[PDB]
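Before any questions on how it binds or moves, here is one chain, the form deposited in one PDB entry, in structure tokens.
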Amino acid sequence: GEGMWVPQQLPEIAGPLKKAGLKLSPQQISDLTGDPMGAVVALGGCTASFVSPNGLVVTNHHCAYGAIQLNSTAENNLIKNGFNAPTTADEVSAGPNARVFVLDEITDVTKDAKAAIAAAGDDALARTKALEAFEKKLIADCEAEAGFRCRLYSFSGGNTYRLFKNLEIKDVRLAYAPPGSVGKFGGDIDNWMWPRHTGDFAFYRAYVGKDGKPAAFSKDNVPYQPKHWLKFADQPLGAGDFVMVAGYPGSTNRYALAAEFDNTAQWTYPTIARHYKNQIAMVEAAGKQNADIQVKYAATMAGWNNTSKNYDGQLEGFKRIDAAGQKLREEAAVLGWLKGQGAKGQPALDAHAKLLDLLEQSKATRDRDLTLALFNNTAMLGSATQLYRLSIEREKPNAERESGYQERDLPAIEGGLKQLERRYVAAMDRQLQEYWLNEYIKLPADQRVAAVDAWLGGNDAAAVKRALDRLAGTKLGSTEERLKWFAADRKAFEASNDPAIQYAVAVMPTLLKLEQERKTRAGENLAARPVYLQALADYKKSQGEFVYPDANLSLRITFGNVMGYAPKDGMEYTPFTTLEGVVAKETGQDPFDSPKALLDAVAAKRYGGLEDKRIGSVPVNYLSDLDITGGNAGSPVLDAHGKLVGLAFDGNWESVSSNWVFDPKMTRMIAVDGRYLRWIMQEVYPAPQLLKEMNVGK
């Protein structure tokens, strides 16, 4: 069912958990450093988990793809063939940017965070700056212990703040990956789709120094020895059984105001989808012509194409369940309940009204803001503005620097700067500059930016050509020029005759004013949002509903049951797929080209002792009514006894709307069954040492 619950609130939902079938105590699972929640780890974008007392980590295949590719040659293709390390000495480095983060300590810092905000009085900009400062000092002081990375998370609009201190493991090595036609069986064709037959798993091992402390790759490091780790289920998972997922969903916006949601559906999503489709067509058209373009812009185009299809998909989904109407009616109920109460209801009504006013304010300049932002996100303008901005911040002391530009941020910046070379071709970037300039000159007089207008020196076709021609002369194309600016001082930037840097210098005072305006609105939001969300929570309580905060990168549990769904009368998706289902999709061409040893074993009905007779086969994937979103790939699925029954890896297309809604009839997570991991590792691409390490071998 719906909900991304923080572990601390699980005792409060004891009743719902027990009814769904949970057999462990909610008090046990509420401990974020305990058994099993302390086994759950973050990879930076994916979830994973510990599965042995010697640092073995399981996650999805696409979560490990980076590492698999990295250790692949032109002439030895782990992507195709799989990877296996028969001893730990055979495990290969995932490279110096790979991480496993493990929770060390959590602290509720709400009282301190609220005091700092409260000290700013009625000054909205001051409130923002005060929270910024609180956070930066907190993180600094927490991270003064080497080995650790800290994060401050705000819950429910700032009703609650929590500080997480994570051990930062920096020597992560690949231990196993199934072949690519298992890991990614069905490729993009089966993306978002059920029925699903994908063995989406892989294994790392975490390493530390012999002193126990994190260290970069070294042959003297040894496996990390986790305090907690997960065990394979010994009861066979069946339709209707309790399941829960623990993982790190990135962000949701489940409590958006009716007007905010309407603006997203009516303007934001259609407008962004449009520009994205125009960009896609431009890149498609040029990559045919050219070919450097084709290879370097392929991932950028895929990103646009992805967002574009998901926005279109959500808009249809909304109309399908009347999400806007449902939201409007619940909001009306809330406002009615508050209005009924006297004076006592007024602060929350006032807060609702302030939230509406801020949405009008950001709506008044929505076209300008989007155009300027995406114009400045083109490659040469992006790097110019980012570099110049850094040089301004450098000229203050670190403690005053804008997050993103502190000393902790510099590796990330240099990272991006080097990466840019993989996705930049000047002929193509000129076309993207042109597109965004033509969007710019379509803005009304009252949405223009004087500094840009003055730079452009006119606003017809010929103005834009002159401007493209000037910018052509920049030298920030090359990595090596860019690295010189990364270290250059503000007055160098101001002396430069580089036409991209001169753009940056011309517009920066304006960009800073716009930034200050966002921060001002954001400080008003600090005041009004928690108040409104508390009133929402109180209303829901009166109605007997428990409330969960929006996702915010922290560890959450979602629970429910293994179950199919039926989009149409007279048919149902069954909760499981099976081995025979995989073979029935064989074409053998990419992406339906299973390994031969899989075809042979299924034909032989070598079930490896893993069959579930209720389904007549070994299970492959299954559906459940769990509530996940981006961040949850790789999350472990646990059973009623907190034992591992699979990994989360996708959802059905009805899950594409997970930022905004959950449809209990149709939304389903797709998981790969723990028995299918075992079956692949027994019958297809053998990992006897891992099976034994996990006590299911052996």
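Positions refer to the first chain, counted from 1. We call the rigid core whatever largest set of C-alpha positions still superposes within 1.5 Å between the two forms. First, how it differs from the form deposited in another entry.
Aligning the rigid core between the two forms and inspecting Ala115, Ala604, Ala566, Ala445, the C-alpha positions shift by 2 Å or more at one residue, which is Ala445.
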The other form holds:
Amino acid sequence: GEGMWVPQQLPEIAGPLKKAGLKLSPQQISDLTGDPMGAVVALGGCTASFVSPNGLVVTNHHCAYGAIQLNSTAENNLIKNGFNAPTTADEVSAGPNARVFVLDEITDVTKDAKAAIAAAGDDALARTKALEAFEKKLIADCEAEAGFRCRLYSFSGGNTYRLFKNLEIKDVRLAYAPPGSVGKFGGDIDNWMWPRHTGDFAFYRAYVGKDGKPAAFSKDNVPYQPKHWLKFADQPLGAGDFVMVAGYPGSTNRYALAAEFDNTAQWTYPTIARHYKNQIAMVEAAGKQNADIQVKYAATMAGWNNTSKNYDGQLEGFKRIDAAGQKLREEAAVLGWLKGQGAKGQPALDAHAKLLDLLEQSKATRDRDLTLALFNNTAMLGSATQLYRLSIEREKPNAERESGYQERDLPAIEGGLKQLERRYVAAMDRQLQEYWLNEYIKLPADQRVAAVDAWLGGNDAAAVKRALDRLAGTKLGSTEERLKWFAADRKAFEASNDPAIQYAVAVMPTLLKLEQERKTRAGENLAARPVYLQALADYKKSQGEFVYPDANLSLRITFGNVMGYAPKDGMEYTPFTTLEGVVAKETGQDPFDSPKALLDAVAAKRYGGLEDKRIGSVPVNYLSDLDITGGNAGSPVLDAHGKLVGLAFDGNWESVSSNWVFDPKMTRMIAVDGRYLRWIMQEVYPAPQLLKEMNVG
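Mind giving me the form deposited in another entry, seeing as the form deposited in one PDB entry was just shown?
Only one chain is given; partner chains and other molecules are left out.
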């Protein structure tokens, strides 16, 4: 059911947990470094979990796909064939940027955070600056012990702050991946869809140095020995059974004001989807003649195509359930209730009014803010603005520098400059500059920027065509040139007659103002947001409900049951798929082309001891009413006793609105059953050593 619950509040929702089917105490699962939550690790963008005392880590195949790809060549194509390391020495590096973060300590720092906010008071902008400041110092201090990465997270509008210190494992090796036609069966056709038949799993192993401290890749490293790890279920999972997921959902906005929501649904999402569709059109079209354009923009267009399709999906989902109506009605009920109280209710009504003010402020300049951001996200101008900005930031003490522009950020920046080249064609990027300058000249005139008009030398298509011509003389199309500028101080920027650099110098005063306008609204949100949210929580209590905080990249538990859904009268989606269903989709050309050993095993009914009696086959994937979102890929699904019964890997189409709502009747997670993991590793692409290692061989 609905909710991304923090571990610390589990004892408080004991009754609902118990009622859903949980058999462990809330106390035991409320311990983030205990059994089993201390087994759950973050990979940065994906969830994963320890599954052996010798550092074996399980996650999705699409989470590991970069690692797998990195180790693949046409000659030895792991993507297609799968990968299996018979001994730990056979295991291959996932790359320098691969991580496993294991929780080591949590601290509640709410009082210190709130003081640094308070003690620098009344002034919104300075409130935002004092919180930044507090944060940068806390992390610096916490990260003084080498081998740790620390993060500070704010809950429910900054009602609570917690510091997480994580062991940062930096040598991650690939141990196993099924063939791609298992790990990605159905491809893009079956994405977001049920029925699903995708074996979306893979295994890493975590390594440390002989001294037990994190270390970069080295053949002197040895497997990390986790304190906790998960074990495979010994009871079969069936329809109605309790399940729970632990993972790191990135963000939700479940408590947004009705007007905030209307703004996104009526302006933000349609606007961004239109832009993205337009840029896609132009890449494909340019792309059919070049061929260099269509290879270098390929990932770019895929990213825009996802978001475009995602937003369009959400917008349809909103209509389906009248999202904006329900939000309006609930909100009226909360305001009604607050008026209900006396003087007591006034603070929350104020906070609400203020939030509505802040919303109008940001709406006044929304076309401009968006257009400018995306224009500055084109290759030569992004490059120019980022580097000039770095040059300004470099002149303050590292501690006073803007996050993203610090010592620690420098390798990431330098890397993007190089990476840039793989996705940049001058002819293409000029069409994209054109596109965005034309969006800028079409803005409502009250959101023009005098600075930008000044640099353009006007505000119509003729000024734009001139500026494009002027800009084609930049040298920043060259990686050398960009690293040159990477090194340059700001007087060099302000003396440059390179037209990309002159743009950056001309717009930066404006970019900085807008930044400080954002931080000012944030400083205000800091005061009003927790107060409004506290009142939502109070009103929920009065209806006997519990509340959970919006997701914020911290570990959460969602719980519920295995169950299907019915999108139409006379029909139901059943909670499980089976082996025979994989085979019935076989074409086999991509993406419905299973390995021959799979086709044969299912044809022989070689179920390998894993058959579930209730469905009469080995289950493949399943549906349940858990509440997950981006960041939960790879998350372990556990049963009523804390044992591993699957991995989260996708949602059904009706999950696409997870940022905004949860629909008890239709929102479902799609998991791959742990029995399918085992079956694949027994009968199709065998990993006897790993099964032996996990006590199921």
